[PDB]
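What follows is the residue order along each chain.
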Amino acid sequence: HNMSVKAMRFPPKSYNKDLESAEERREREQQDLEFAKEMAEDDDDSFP
Amino acid sequence: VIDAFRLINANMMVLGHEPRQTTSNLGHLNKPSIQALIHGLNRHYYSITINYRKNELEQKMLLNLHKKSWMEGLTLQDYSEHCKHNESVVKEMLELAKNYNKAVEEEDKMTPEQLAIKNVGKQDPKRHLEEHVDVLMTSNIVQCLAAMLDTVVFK
Amino acid sequence: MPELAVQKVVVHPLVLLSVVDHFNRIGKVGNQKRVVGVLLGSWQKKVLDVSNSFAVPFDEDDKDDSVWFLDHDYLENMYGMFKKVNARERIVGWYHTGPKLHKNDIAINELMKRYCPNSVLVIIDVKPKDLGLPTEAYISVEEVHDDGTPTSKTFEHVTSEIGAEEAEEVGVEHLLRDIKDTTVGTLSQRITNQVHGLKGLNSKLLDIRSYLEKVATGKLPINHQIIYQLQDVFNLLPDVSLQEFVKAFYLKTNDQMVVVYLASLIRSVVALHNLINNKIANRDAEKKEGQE
Amino acid sequence: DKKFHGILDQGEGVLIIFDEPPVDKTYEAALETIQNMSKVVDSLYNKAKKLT
Amino acid sequence: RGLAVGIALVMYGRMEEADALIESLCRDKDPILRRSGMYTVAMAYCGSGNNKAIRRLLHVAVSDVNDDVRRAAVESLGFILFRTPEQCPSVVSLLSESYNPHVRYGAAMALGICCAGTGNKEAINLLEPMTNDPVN
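Protein chains in written order, with the authors' numbering: chain S, 487 to 534; chain V, 156 to 310; chain U, 1 to 292; chain Q, 371 to 422; chain N, 546 to 681.
Incorrect hints may have been included.
Claimed, not checked - Label pairs and their in silico Cβ distance ranges: (1) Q7/U x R495/S: 49 to 55 Å; (2) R495/S x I272/V: 24 to 30 Å; (3) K372/Q x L236/U: 40 to 46 Å; (4) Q269/V x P679/N: 51 to 57 Å; (5) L421/Q x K503/S: 16 to 22 Å.
Claimed, not checked - Stretch-level coverage of chain U by chain S, calculated; a stretch enters the list once three of its residues show a Cβ under 8 Å from a Cβ in chain S: (6) 256-268; (7) 273-286.
Unchecked claim - Within a straight-line C-alpha distance of at most 27 Å, the following computed BS3-like cross-link-like pairs (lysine-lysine) qualify: (8) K574/N x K209/V; (9) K83/U x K113/U; (10) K492/S x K287/U; (11) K287/U x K273/V; (12) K209/V x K180/U; (13) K28/U x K209/V; (14) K46/U x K253/V; (15) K281/V x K409/Q; (16) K129/U x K215/V; (17) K503/S x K420/Q; (18) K247/U x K239/V; (19) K279/U x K222/V; (20) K222/V x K46/U; (21) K46/U x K209/V; (22) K63/U x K127/U; (23) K288/U x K273/V; (24) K100/U x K180/U.
Hints were generated in silico from the structure; no laboratory data involved.
Note that CB positions come from ideal geometry on N, CA and C, so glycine has one too.
Please work from the sequences and hints to get the whole structure.
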């Protein structure tokens, strides 16, 4: 049970070789939605 | 959650010191209170920042939560209370086992989207054989050492 | 007490912090001194849940024992000040900053008792050092003795510990993210309990050994009672039923392994099936790694 | 017919009645789960033969 | 803070003048005397292998909400790896991906300083996806 996890380690490693910080344009699109949301709530407040 | 606030002279803001209520604070951004913080942070008050002072004497005080010189290791549960525990678990092992075979035949003949959304009766999979073995074991191992240790300690 | 109206004294963390803050309020050149406050709390069974406390101006001669001063008027003002803020806050006792008991204590116990019968002391420490809790609870009882000596106000020990609320919980939680104690999982947590327990037995016994050695030589008049109890101790040690006990203990262990065996085995099979899952996911990831 | 766990003795006529304790289930069960776990392992073998 | 900076700025290899005190410096619950308590080590061992003194300050720097140890434990690397501005991409990479905004910042000033003299593009390919991290 220590042995076969210690060899199971390698399959996860090939996947980590695949990006695990990818889809940065999704996150940048969300960030461009939080500037529209921030001001959506200053306009639902209706307060400057 | 704990903030701090200080009102700001709204009059002086109207008079042109509106960009002059900026004292030099650091920052970290808030939102859900933008309700009254859009004229709060930016008209009526602002955000102070909070810290703490973790003394070492207070830390060595709170750190206390167990007086064990009569707890475990000088005790151990009842050995007829402890067999009635094993009985129950190691029977539940059987019940779960069967369903486990029936899951290993299924997963083989299906694609991971249908085993993904499989959230009806979580009693079937690994999750419960692990959930068990780590309570069972624990128990028992130590269940285990407690008896031995006392045999020498109070020899 | 003989009365089942006291037993588990449970002090919430903010009190501990409160007496440890009080010990530095006075702390100028008046430090190195017993400081005393009153314990506010609630209770309704075998408990004395302590919650709030506030220093009471207190002085005490450093060589005499009948020269102690305690502004009880201050009490009859503040007690009401805090009642006016929280109902259900009677005076359930009073705390005394250790390091241990003083002859004078019993005297105090009767100028605090003029408020609430059952009042208890709660010796709290101003120095972390003990490995058990820094919270010992005593009651002022009285008894008769087989030797025929006049009745006395002694002090009797009652079990103690600290508890918490959601509030308390969370504040403490917040204050110990520096000294993390959660990285440690279950199994090891309880092994810790069983080594740290011996760390208690060891020093308790050690203290009795220093006492016995103290009366035998470097004389300190014998108190027959201590030695009495100390005999029950050596009769209770597990010994006389040696052979049979052996043959049984071995058997119960045997069972224990049988079930450990099963546990570790299932654990193994499950982990291995996990591995098969990794290998197959790797093959099908290798068909994708090709393509275009 | 198992109605009182004894042993009759001829030549002296003594009807010995030894007391017998019950066969603990903590084993019988584990016999059954080891038993079952095999079946698992087999089917798991066939899942092994497919990926590789 | 202005005394911490004044103890740090005066070491250029004279070695343990306040480092011998590091077992107490880095033992004060104060943040000024732990940050200083690693700056002085930053500047007296410039151009050599100070490995053990960023490591002790990642598992504990994530416990001291004070970035006084998060920012500096990493902005350290910006000097001890000034010598060779081309091992820096290989050991702050483990360190920008990791969560903890403070750590990112520190790694970005660990690159800003030392891989500016060579302007190496293994620093830049790593710097761009840090420019896109959300926290302002």
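How the hints compare with the structure:
1. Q7/U x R495/S: 49 to 55 Å: Distance hint for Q7/U, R495/S holds at roughly 53 Å.
2. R495/S x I272/V: 24 to 30 Å: holds, 29 Å
3. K372/Q x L236/U: 40 to 46 Å: holds, 44 Å
4. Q269/V x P679/N: 51 to 57 Å: About 35 Å separates the Cβ atoms of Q269/V and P679/N, which means 51 to 57 Å is violated.
5. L421/Q x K503/S: 16 to 22 Å: holds, 20 Å
6. 256-268: As far as the stretch 256-268 of chain U goes, the hint holds, because 3 residues have Cβ atoms under 8 Å from chain S.
7. 273-286: holds (count 7)
8. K574/N x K209/V: holds, 7 Å
9. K83/U x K113/U: holds, 18 Å
10. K492/S x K287/U: holds, 25 Å
11. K287/U x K273/V: Holds. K287/U to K273/V sits at ~26 Å (cutoff 27 Å).
12. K209/V x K180/U: holds, 14 Å
13. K28/U x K209/V: holds, 21 Å
14. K46/U x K253/V: violated, 49 Å
15. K281/V x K409/Q: With a Cα-Cα distance of about 16 Å, the restraint between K281/V and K409/Q holds, given a limit of 27 Å.
16. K129/U x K215/V: Cα-Cα ~9 Å, so holds.
17. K503/S x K420/Q: Distance ~25 Å between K503/S and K420/Q Cα, so the pair holds.
18. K247/U x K239/V: holds, 21 Å
19. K279/U x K222/V: Distance of about 49 Å is beyond 27 Å: violated.
20. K222/V x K46/U: holds, 19 Å
21. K46/U x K209/V: violated, 35 Å
22. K63/U x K127/U: holds, 23 Å
23. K288/U x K273/V: The given pair, whose Cα atoms are some 25 Å apart, holds under the 27 Å limit.
24. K100/U x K180/U: violated, 31 Å
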